[PDB]
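In the block that follows, a single chain appears as structure tokens, in the form solved without this ligand.
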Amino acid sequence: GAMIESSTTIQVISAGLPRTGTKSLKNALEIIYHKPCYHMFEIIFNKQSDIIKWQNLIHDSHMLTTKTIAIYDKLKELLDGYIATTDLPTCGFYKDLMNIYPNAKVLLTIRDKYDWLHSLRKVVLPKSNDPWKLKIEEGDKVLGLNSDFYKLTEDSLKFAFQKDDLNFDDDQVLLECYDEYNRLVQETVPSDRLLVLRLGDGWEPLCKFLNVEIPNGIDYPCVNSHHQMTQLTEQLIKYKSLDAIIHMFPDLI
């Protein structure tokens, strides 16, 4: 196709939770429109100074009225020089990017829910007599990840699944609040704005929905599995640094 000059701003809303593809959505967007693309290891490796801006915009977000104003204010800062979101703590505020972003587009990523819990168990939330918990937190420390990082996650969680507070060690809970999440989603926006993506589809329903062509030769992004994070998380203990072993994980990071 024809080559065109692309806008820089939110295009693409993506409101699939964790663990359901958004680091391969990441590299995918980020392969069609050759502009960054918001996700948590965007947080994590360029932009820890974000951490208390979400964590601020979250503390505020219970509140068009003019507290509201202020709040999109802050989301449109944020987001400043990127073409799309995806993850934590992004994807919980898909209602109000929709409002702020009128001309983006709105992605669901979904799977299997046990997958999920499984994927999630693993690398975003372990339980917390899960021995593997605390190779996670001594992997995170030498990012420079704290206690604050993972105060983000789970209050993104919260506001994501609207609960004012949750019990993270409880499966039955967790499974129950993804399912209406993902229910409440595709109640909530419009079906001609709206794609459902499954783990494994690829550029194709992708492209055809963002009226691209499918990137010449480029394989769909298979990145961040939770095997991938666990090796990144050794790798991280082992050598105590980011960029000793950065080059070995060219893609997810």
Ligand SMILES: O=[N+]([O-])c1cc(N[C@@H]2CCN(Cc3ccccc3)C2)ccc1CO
Contents of the next structure:
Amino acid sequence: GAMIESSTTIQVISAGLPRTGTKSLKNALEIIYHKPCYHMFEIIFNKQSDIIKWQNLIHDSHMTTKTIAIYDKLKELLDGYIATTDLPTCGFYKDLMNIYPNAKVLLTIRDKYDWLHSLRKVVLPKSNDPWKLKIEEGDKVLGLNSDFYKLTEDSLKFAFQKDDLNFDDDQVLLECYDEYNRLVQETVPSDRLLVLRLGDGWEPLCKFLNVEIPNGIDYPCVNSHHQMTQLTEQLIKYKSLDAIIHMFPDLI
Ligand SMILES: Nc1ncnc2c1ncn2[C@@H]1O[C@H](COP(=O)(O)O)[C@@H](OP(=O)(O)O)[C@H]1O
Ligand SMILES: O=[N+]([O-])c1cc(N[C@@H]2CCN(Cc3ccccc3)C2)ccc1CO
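Given the form solved without this ligand above, produce the structure of the same protein in the form deposited with this ligand bound.
Everything in the complex follows now, all chains and molecules, and the chain you saw is the first one.
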């Protein structure tokens, strides 16, 4: 196809929850658009100063005049990006649709038990799981503190529309996952929504976005819980990111 000059603004809003292929989708959108896509890894690795900003925005999110200040801060946080994925953004999908009326919406989904298992290995181990201590030890190497965990918790509560949440309760998390995915599909006009399942690859995505399939580039497969376990163990072993980063090429 011909090469055209794409606008550096949010063109794709992905409402998918963490551990549904968000990092592979981020990578895929960056391959298509050649500009950055937001993700929790953007915060962790490039913009830890954004943590307090997302926390403030969530704090005010329950609240039109008030909306304009909030929408202005969302636009500010996303300046220079061509798409959003992952927490903390995904709970804001309805507001992002208003701010970027010409953006299209994605929802990444998967088997709920595979999702929960992945979530418990990477994002939200149970309180009494010994792996939680290793996760926390590796995170300190990256400069992540209790405010990072607060942002994860609060952005999940915001996405699930809950005042509080028993994070150690699998049944609660599974119900919230199903309800969240059902609500996205009931909210977004079908013309504006593409549901992606793990394994779908390039073709439905590129058709929805009116772009060619990237020539000679396989659809990304990154950020498996096995890979995250290795990342945590290697951070613990070497005590820095820069000592190990060459071992995690497309994930980091
Ligand atoms: N192209 C692909 N095909 C199959 N699974 C993929 C994939 N890309 C990512 N995944 C899976 O999506 C999960 C990561 O999602 P996210 O990037 O949103 O955290 C991981 O699940 P597992 O933890 O079950 O391996 C990973 O294996
Ligand atoms: O809020 N999330 O959804 C969310 C939270 C985390 N936190 C986890 C807890 C343990 N630590 C492991 C690690 C994962 C990746 C990079 C470095 C370290 C971070 C990670 C991802 C997401 C979504 O991509």
